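The chain below stands alone and is given in structure tokens; this is the form deposited in one PDB entry.
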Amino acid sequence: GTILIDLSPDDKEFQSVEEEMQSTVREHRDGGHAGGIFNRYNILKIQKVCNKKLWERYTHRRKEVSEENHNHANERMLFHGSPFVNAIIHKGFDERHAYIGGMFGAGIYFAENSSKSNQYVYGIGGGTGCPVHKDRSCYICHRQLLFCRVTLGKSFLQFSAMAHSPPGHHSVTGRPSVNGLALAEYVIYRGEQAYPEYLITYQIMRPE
């Protein structure tokens, strides 16, 4: 039931998504090992992900969280990178998309930094890089990320350098506590708490 609707680059919606993607690139502590060396992207395409059933699954869960948290879903737009991007957009988020080994337990992880999600496009640690060249810093091959609507509800704050949410919380927030430039990362433990709104196709660009 999923359809992908291409956005024109002239559309304000394309432009505001491209800007969140570009403006939230940062340097990483691995010097580019996982995700490659780049300061910006070449955005090739942005598509709206349309699936009525998956949307109703999200809004239903959203209302449940909202009603457990003084009518506040605490909804964010966040990036997700995964080798399973095509299963996600067709069947929705679930336990098979969890980062079992993540620092805040087995759950589904999202980033404010687009460059952080870029590190998982080819697997944990970047895997072996692109399928074609085996290069984690490939500048040729086309990458995809999701820009997702995520319900955090009451989020457990972890200060720092599938399972269940901590009792009385709907998510975990990984607060950056050493790298002053890092933005937060977030974990949900229910796939129904994220909806993959935008499929972004891009290349990382070689710095000049």
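We call the rigid core whatever largest set of C-alpha positions still superposes within 1.5 Å between the two forms. Residue numbers count along the first chain shown, from 1. Compared with the form deposited in another entry:
Here the two forms are overlaid on the core, and between the two forms the C-alpha of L183 is the only one among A34, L183, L54, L146 to shift by 2 Å or more.
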Second form
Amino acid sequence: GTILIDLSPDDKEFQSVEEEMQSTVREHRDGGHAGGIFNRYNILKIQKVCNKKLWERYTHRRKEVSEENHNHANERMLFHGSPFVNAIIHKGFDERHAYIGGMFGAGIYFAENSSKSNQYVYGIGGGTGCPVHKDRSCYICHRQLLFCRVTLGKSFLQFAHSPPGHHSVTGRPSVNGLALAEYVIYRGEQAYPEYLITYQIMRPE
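Can I get the form deposited in another entry as well, since the one above is the form deposited in one PDB entry?
Excluded here are partners and other molecules; the one chain stands alone.
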């Protein structure tokens, strides 16, 4: 029951998402083995997701978390990359498909940095890469990330479910020497995929 709203490149909504996409790119210390080598993206499409039923599922849970956290939902816009993006925009987020082998338990992981979620679009650690060329650093095939609303509530700083009294877990693991933040929820209701971003990484040369 979802419909997608095509945003024009000359739109403030489009540009803020585009900006947050480009500005949050980091220089991963794994030589781009996971997500590929790039500085910026070639942003092809940014579609806003509309689903009243899933939005009501979210705002309902958001209110519940606010009450449990001194009326502070701790709402944040975060990126999510996975091969199941197109399933999520219709069925919503679902903890029953959570990353079981995750560092912070079976949950739904997000990131501050767009480039960090990019490492998970084709699978954990990039998987085998794109379906056609089997290249984790493919500059041809289009990729898709979600730019979601995320109710963190009272987040627990660590280093399955949420620890007691909390609603999410915030980490900052140092992969290959660089520390970047992570965010995990253990209930799909605490996230709404607001924007679907179709893009591709640019060959830096």
